[PDB]
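Dock chains B, C and F against the given chain A, drawing on the hints supplied.
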Amino acid sequence: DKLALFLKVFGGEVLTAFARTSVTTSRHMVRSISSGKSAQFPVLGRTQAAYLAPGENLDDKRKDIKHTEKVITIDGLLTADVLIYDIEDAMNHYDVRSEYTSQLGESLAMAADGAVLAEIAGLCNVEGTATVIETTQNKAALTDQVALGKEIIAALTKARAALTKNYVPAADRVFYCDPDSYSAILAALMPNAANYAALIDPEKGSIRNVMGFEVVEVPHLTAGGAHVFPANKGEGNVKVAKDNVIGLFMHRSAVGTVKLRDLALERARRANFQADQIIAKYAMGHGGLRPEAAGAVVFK
Amino acid sequence: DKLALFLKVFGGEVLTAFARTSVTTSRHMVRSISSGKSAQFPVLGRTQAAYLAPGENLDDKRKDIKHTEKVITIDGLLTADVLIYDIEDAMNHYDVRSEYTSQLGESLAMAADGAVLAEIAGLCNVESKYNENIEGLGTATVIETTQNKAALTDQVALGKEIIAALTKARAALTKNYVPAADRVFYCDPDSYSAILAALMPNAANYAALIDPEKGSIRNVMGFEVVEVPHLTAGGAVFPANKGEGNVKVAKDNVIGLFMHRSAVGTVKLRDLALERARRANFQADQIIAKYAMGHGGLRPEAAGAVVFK
Amino acid sequence: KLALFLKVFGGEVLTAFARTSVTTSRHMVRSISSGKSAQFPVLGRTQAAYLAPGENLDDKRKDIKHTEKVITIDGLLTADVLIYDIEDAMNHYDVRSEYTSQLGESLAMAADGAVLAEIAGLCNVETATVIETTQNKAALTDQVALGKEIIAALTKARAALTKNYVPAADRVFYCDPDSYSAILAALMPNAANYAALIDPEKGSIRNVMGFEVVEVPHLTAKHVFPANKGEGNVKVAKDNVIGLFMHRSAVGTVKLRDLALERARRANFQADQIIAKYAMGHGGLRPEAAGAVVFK
Amino acid sequence: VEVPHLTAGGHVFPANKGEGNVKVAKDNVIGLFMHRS
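Protein chains in written order, with the entry's author numbering: chain A, 23 to 149, 160 to 258, 270 to 343; chain B, 23 to 258, 271 to 343; chain C, 24 to 149, 161 to 255, 269 to 343; chain F, 248 to 257, 270 to 296.
Since the hints were derived computationally from the structure, they do not count as laboratory data. Some hints here could point you the wrong way.
Taking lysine-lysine and the PhoX-like style, the derived pairs with C-alpha atoms no more than 25 Å apart in a straight line are [what the hints assert, rightly or not]: (1) C/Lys324 to C/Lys302; (2) B/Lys285 to C/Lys197; (3) A/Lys302 to A/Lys92; (4) B/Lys276 to C/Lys197; (5) C/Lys190 to B/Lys182; (6) A/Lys182 to A/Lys285; (7) B/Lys182 to C/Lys197.
So that you can see chain A by itself, here it is in the shape it has in the complex:
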């Protein structure tokens, strides 16, 4: 019986473990939908024209808009698991449990990221509205630090710019950068010394607001090979892949997804050549959902 309760404790440790490894939890959508193997959303758009008189009828006005609806759904399953070999599994476990929990937990998000990531750039890569931006001619020439904050930021101006005219508010948004170029390398941003209180990071792993959006990041970007994010391909009509690419721009409510049954862990004994096995599962995943606009930056 007790060996059964222990599992509940492990599950609590996990879910809680998905955070702090949390990359993107907020800053995009999600829903509790039960038994729906799929789910959908609106598209439409913001636009307006002249107005009614007691004469005629409103009906005609809606011709051009081409209202649109869009649906996505779960794909395969999503998880790894771990094969314990524990007597200790019952007890003594303060160190061991932590180790085990981390190893799946961070992994789950580490899959989760790219699935919600690269496909955005894809949405920018078909021919979202469109966007891109750069500085002069290469990263070859431009190397040295503090310039590496400069050209970037200088781009960020235009970043805030095209955030308009397609509308959407600036109220909240975030850019997921790459940890190398990360922070502007904080120099150009902060040629100040001892104040990160001034840069407002009350934990949460987040640099406070810059002009436009907000700047955080996790390592790199990849998932979908483990879609199309041709880091290898320079152009081939599609430039928004990695190599090049840049720390990212996210535009309010461009994505999210549906998860059914939340997270469930299954515990087993598979005895072929064995110790013992546990199983946790997640059914959701996605790329998708018809963003309004978006973009990235490259060097060329």
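Using the frame of chain A, we list chains B, C and F on its own:
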């Protein structure tokens, strides 16, 4: 009773000053145990998570693997100590106690650094590859360039090429797969000055990046960095001799020595203990503090360095 | 009654020692009462160990020669001042301020200076003394020109800091009060107000490249017991340039009971004449291999 | 207060026209300003 007491407070200060001082106790796994004097924990060769239709089941790749996890155990008992005199020790209570806390804290830190570094250096003498499982192994070490280091002694002259070195490192990482996140790269105390000058010329700036409250750095192609002792590696075991002499992993040609989470392992008997004793031969008192079991053991994979040639 | 006026006094003196005071910290000290001398261990921060079931760990216990360098008082440290008593009345306050100032801050004034000064002496002999900027201060004149290489000193300072396996993470720069302008210069040729550098709150520049940084006037009595030496086989002397540094417990000294004070009549020239007392001197310990920085 | 858009109706003014006199028009410039009441 009090004489017992002077002893009683003593440990906690040591434990503390210890924990506040180290290159480790983080940046590596630490088990626990009760009277085990030994243990075993898992390795990181295979994992992820993934997606599939109920077409097939996994573990073929898992069948292809070598071992799974290996065990480890105690090696001896560990302490550094001194010979006091007691009455002076007893009164001088803030000052006397503070000096003693400082001395003991230094030694633990040094022993720990040495041991970790040494097991790490000791990691590849073996040559277990070239036989089976092409992706099963693994390990090895070194990117070189540097033109044998002799021609150029200046600050840009070195470390720049070293930047160009671990540029290979990431590429080495995923090449063995395994997670690349918290990868550290311990390094030598000096010559990193060269690397910082290589990073940002002029522009003192040394605040911001390199971070406060930790003597580390945020990253270059990811990493940690800490300027440590043991320019020479863990021979204090690590061969201190060979120019090549089998192992390419080496002495003063040595730099690099990079690694990541779940390479090493160890355990305790228990948290801490201590005692004193009288030997008229040496007259006055001699302390001993029970601590630090079984720091040996490794699991890589991973595990590489860079030198010169 | 008359003493009571002092009694409020001394505290001001005690307070007076507070402040202009460079060290109630940034090095060791002991509480010894009634003893002339005292001692405290330098444990070589070195060695080890984890061992094997058998062994005797002998030459370990041999090679050290490690002992508490035992130190003690050198004469009596204090000075005082001569007055007349009209200012004496507690009414009209201010009086308590002018004199007590001149005493306490003076008490501080010397000890710090010497316990500085011996450091340069740490190596005049035959573990630092090492650095050279370019060729002169005569070339680089204006600020921020002197700032950069000044900072650059701290790099190598951190170099020699290591390999002797001592941290020394802990420190502050013993520095010339004026030319320290460089420090801020190369750092902030933007300000305006130094002000909040993010905690120069109480007399402490927060961490530079490593270390800790403060600085002051005086230090003229860099300076050594053989200070005034122009060059003379030892370049560690003053005005070679700046440079001094050290770290945790390079030295301290002892205390007696306290600084307690009292007055007397001196019929020479007079109303009254005060006196205080102090037992201090030198500081202390081992060649942790600190030093200074210079140019040529 | 910076604007989002500047295109609706009454636009009713010769926005489209480059000038056609009426230098007050749209998409010559941004300089429109006012005061209360």
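Q. Are the Cα positions of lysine 285 of chain B and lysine 197 of chain C separated by 25 Å at most?
A. Satisfied, since the Cα-Cα distance of roughly 15 Å is no more than 25 Å.
Q | Distance restraint between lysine 190 of chain C and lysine 182 of chain B, which requires alpha-carbon spacing of 25 Å or less | A | With a Cα-Cα distance of about 18 Å, the restraint between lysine 190 of chain C and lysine 182 of chain B holds, given a limit of 25 Å.
**Q.** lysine 324 of chain C paired with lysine 302 of chain C [C-alpha distance capped at 25 Å]
**A.** holds, 11 Å
Q.
So if I understand the rule, the pair passes when the alpha-carbon distance is 25 Å or less; does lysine 276 of chain B with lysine 197 of chain C pass?
A. The given pair, whose Cα atoms are some 22 Å apart, holds under the 25 Å limit.
Q: Given the hint that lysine 182 of chain A pairs with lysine 285 of chain A, test it: the Cα-Cα distance must not exceed 25 Å.
A: holds, 21 Å
Q) Taken at face value, is the distance from the CA of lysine 92 of chain A to the CA of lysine 302 of chain A at most 25 Å? A) Status holds; Cα separation ~17 Å.
Q. Quick one, are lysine 182 of chain B and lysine 197 of chain C close enough, alpha carbons at most 25 Å?
A. holds, 22 Å
Of the numbered hints given earlier, the model fails none.
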